[PDB]
Amino acid sequence: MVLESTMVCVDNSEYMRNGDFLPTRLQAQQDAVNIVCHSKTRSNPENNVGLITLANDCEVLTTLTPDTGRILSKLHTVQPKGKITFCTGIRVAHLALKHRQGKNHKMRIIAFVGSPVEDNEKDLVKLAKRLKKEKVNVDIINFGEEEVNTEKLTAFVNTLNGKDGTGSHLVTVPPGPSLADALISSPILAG
Amino acid sequence: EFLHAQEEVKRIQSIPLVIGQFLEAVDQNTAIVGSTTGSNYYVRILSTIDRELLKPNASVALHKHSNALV
Amino acid sequence: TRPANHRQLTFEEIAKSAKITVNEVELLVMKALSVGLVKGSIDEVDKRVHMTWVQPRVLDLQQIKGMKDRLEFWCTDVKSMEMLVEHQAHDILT
Amino acid sequence: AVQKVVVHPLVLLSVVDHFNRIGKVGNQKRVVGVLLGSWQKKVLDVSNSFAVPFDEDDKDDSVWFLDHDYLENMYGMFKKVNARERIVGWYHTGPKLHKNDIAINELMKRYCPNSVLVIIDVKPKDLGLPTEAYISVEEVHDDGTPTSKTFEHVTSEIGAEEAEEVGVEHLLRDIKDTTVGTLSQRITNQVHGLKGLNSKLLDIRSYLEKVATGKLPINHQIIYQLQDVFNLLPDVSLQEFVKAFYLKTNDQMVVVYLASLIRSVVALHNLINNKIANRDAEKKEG
Amino acid sequence: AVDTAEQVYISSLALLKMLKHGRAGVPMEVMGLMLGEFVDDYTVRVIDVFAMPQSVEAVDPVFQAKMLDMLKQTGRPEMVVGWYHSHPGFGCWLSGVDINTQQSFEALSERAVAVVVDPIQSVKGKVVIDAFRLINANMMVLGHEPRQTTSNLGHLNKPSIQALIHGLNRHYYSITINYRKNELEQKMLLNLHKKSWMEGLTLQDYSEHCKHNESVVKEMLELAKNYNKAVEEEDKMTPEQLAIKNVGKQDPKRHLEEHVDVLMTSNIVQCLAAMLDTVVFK
Amino acid sequence: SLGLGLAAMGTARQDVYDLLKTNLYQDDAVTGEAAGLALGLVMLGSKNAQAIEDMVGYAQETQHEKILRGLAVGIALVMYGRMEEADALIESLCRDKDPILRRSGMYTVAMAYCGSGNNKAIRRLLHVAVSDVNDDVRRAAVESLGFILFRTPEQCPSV
Ligand SMILES: [Zn+2]
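Chains as they are written, first to last, in the deposited numbering: chain b, 1 to 191; chain D, 71 to 140; chain a, 283 to 376; chain Z, 5 to 290; chain c, 24 to 78, 84 to 310; chain U, 478 to 636.
If we strip away everything but chain b, and leave its shape as in the complex, we get:
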């Protein structure tokens, strides 16, 4: 029922091309898209969904929209090839949400990161305070090898919601296709 704008950062990098998840990371993150789109759908139809990738030329395949069937059409033949790119992923997800027609919606972002990232903590603190300005609380659910224990991401989050913010969160990527309804059992409205 809350007003927000979900911005998902899918991963069509090369490192998604493996089987640490049971079938494949493609089906894993795809299914997590299935649960997030149904989640926001059942929460509020006024909310809108927009997706982005992390490839060489990180792509807005679906502009921020409440419909999810278009995003489901985009999920297929995703072609997870290339290289995981993070700092420009949060950037393209960043400057995008200032193009919103509806402003009551809170800028939310969820990211599916399943490839080894090469970011820096000063980069995550600069981007983190930049996300302090607009208060874009982002909850990333990692799907595959991401970093050393998702390092530079809990630091990114805490440097985002510093001084007892606790709005953004960081999930884990070591076992498999986590039932995100179980991952957000308590944080069902705000992960």
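Treat the hints with care, since some could be wrong.
[To be verified] Partial list, derived from the structure: chain c residues whose beta carbon lies under 10 Å from chain b:
#1 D97
#2 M98
#3 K100
#4 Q101
#5 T102
[Said to hold, decoys possible] Calculated pairs, EDC-like style, for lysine to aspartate or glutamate (alpha carbon to alpha carbon, straight line, at most 16 Å):
#6 c:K209 / U:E538
#7 c:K43 / Z:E166
#8 Z:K33 / Z:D59
#9 c:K43 / Z:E165
#10 b:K122 / b:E151
#11 a:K361 / Z:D207
#12 c:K273 / c:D263
#13 Z:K8 / Z:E156
#14 c:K253 / c:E285
#15 b:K74 / b:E59
#16 Z:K103 / Z:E156
#17 c:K223 / Z:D130
#18 c:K154 / Z:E213
#19 Z:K153 / Z:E169
#20 Z:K204 / a:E354
#21 U:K597 / U:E562
#22 U:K574 / c:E213
#23 Z:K113 / Z:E156
#24 Z:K113 / Z:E76
#25 a:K361 / c:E285
#26 Z:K214 / a:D342
#27 c:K154 / Z:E169
#28 c:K246 / c:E285
#29 c:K277 / D:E122
#30 D:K125 / c:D279
#31 b:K83 / b:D119
#32 c:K209 / Z:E173
#33 a:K347 / Z:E213
#34 b:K83 / b:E145
Keep in mind the hints are simulated off the structure, nothing from the lab.
Every residue, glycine too, gets a C-beta built ideally from N, C-alpha and C.
Fit chains D, a, Z, c and U with the ligand to the given chain b structure using the hints.
Below, chains D, a, Z, c and U with the ligand without anything else, positioned relative to chain b:
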């Protein structure tokens, strides 16, 4: 201002006028024309028309309402 | 070398610089024109070979210097000579 | 090739209004919209244009946004309202085009066969012709560029139409203009021409001194090509070229001479004409 | 609550959008919305203009809400102030149904404005633009405007006959319109007919130039031939019978100045540009 | 508000001018008459350069017409009979494109040249009388002659 004056007169035509025929002129800037509507009229003319275009009943145009040699 | 002042060079400087006989310089220049690195022409009553076109080559700093000299020397003449126009006609063109 | 385009005066105003729309930011917000034109000929016609949301950061100019959704819907409306109109390219209000500007064309080359750019200038300090447009190509070089890709200058002009000339030129009454001014528009022409010459020379010398010394790339891009510009430089004062002038200039001088000759007599007629009527009406008046 | 001397502020794009729409749909009444801003109780301001499909009854307003929406998100949100359509070759007068949409609209917004346009009667010098404002009939005897200033009364123009034959004061009241011009569009609109230095530095040609002078001089000789006979002729006929027998094929003294003028303006610039091209160049 | 300055017109009441300023800076059409006239009226002959800068600085961004008119008269009244320093403002107002501010400057040159029989201002004043396009600043242009001709009043009916 005079050149602005000539152009603004041009709105009088707007195309759908009538196809008539010049017949004769009585004096300066006033003549007689027999329209293709079967009848004949006495009319004035515009000062813009060159007076070398006359003679042997030329094809002319006329206003619907006014019926003036334009 | 010569800045197109008198570039209709006679055969002799060619036969000396290339140190070829006089009766071969024509066959050499016709080959060069056949290639297309130059667009000169050939006279025989004087045996002067006129030059028109030279392929653009590489240059350096000093060539940039004298080039800037030509550029300024021409630009200033252009501007001043337009100043002659405006001076000659102030209230005439409105 | 397209080789030239004819842009109507509606656009170049339908961009200014939108630069005015997001013009409250002041600092920088590059205006980008959709260009609409006609598949006229090799030459291309440009009639309509519209806007689209677009933003971009300051550093790392790779973060820019064109709402494909907004483009799809609004152009659907403009096709429903005009199938005669169609997308032809795009524009941006940048006074000087940016390095980012190639990625936009490269993006929307899928809608148009080539979404030609359109650079407009809200403040053309130059009193020449503003709002010039480019179309990108590949010019892979001896250096070993995998894809030497850069835009191309294409000549353009201002469109015209019976109605729009009516409404515009009725609006031109706010200022005075001498378009029928005999032998005045020419003088203005050579004036503004020489002005453009001097401006271009000052620009090229600004670049040339910069590259000559201290800090600028010394590429083989132009450095000899502009030398070939020096190659032409016709040596005006020479032997037979004098016969070029004096064998024609006096020709035109003869015609001018005759024209003055008849003009004087024609002016002389009215002296007799009015000197007759004055005194003949006076003597009969008294 | 009372009327005033109202003013119609415009947008320069609005005019062109009007004339192009009406001209394109010239053989019938073309309809469209007038979009602007209610600046005050005294003046109005229009800034945006657009139309819709019509085969005069407009079709689905789903175009309406989405149109205004996407116009809000790109640019900004604005207010609908009035509307417009065409009276092609007409008396630019509110038609019977045209007034019939007016009780519909003024009931929605108070200062709803009708806009009449004719791309037919408009000559390239001046356009025939128009707009009106419905008036009640219940107050047909009571005063409708206070008339606290000359501008909308003895300072504007005079009602035309072909529209006064329909309302002229009745069922509505006319309204004044002006043009606000941003300096930004003003400067560029100032310069749209100039060219680059190439045009001002062309030398057209001396073969077709000398050929041209050789042309005009030829028939100008004949113009002098006629001029001799005409001037010396002088029937003592009074200065107006000459003006009645000169209509015909008579034309000395007229072409003579013309050919001299053209031959002047050609040779002059033709010499001048050649002069500059040598003084300046090399 | 309109007669407020006309009453205190010779006294040059800075105190009423103060509240008249903020009256003028309401960004409205109903207060434009409230402050626009009395503001300069209570500063008649004052030559308050900050007053000129306030009036001209505010009559550049407005949206109404009365707020342009009251300033158009106030700026023309702030300078009173100088003929030697008002020239920069007369040129600044006549070179404008504002159809009211030119006419505002056209009234100005009349008051800066109250009856001034100077044949200098007569050249360009009575020249923009010729080439002037706006009817407003045209009529205001020709209507400065008698305001600049008490030195020789017999000349108006000849020009
Ligand atoms: Zn109608």
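Cross-check of the supplied hints:
no.	hint	result
1	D97	7 Å, holds
2	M98	8 Å, holds
3	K100	7 Å, holds
4	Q101	4 Å, holds
5	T102	9 Å, holds
6	c:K209 / U:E538	13 Å, holds
7	c:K43 / Z:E166	10 Å, holds
8	Z:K33 / Z:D59	7 Å, holds
9	c:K43 / Z:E165	9 Å, holds
10	b:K122 / b:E151	13 Å, holds
11	a:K361 / Z:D207	14 Å, holds
12	c:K273 / c:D263	11 Å, holds
13	Z:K8 / Z:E156	12 Å, holds
14	c:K253 / c:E285	15 Å, holds
15	b:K74 / b:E59	11 Å, holds
16	Z:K103 / Z:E156	14 Å, holds
17	c:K223 / Z:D130	12 Å, holds
18	c:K154 / Z:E213	53 Å, violated
19	Z:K153 / Z:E169	39 Å, violated
20	Z:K204 / a:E354	12 Å, holds
21	U:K597 / U:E562	14 Å, holds
22	U:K574 / c:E213	14 Å, holds
23	Z:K113 / Z:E156	15 Å, holds
24	Z:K113 / Z:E76	15 Å, holds
25	a:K361 / c:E285	37 Å, violated
26	Z:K214 / a:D342	14 Å, holds
27	c:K154 / Z:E169	10 Å, holds
28	c:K246 / c:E285	15 Å, holds
29	c:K277 / D:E122	4 Å, holds
30	D:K125 / c:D279	14 Å, holds
31	b:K83 / b:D119	13 Å, holds
32	c:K209 / Z:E173	14 Å, holds
33	a:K347 / Z:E213	8 Å, holds
34	b:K83 / b:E145	13 Å, holds
Comparing the model with each numbered hint stated earlier shows that hints 18, 19 and 25 do not hold.
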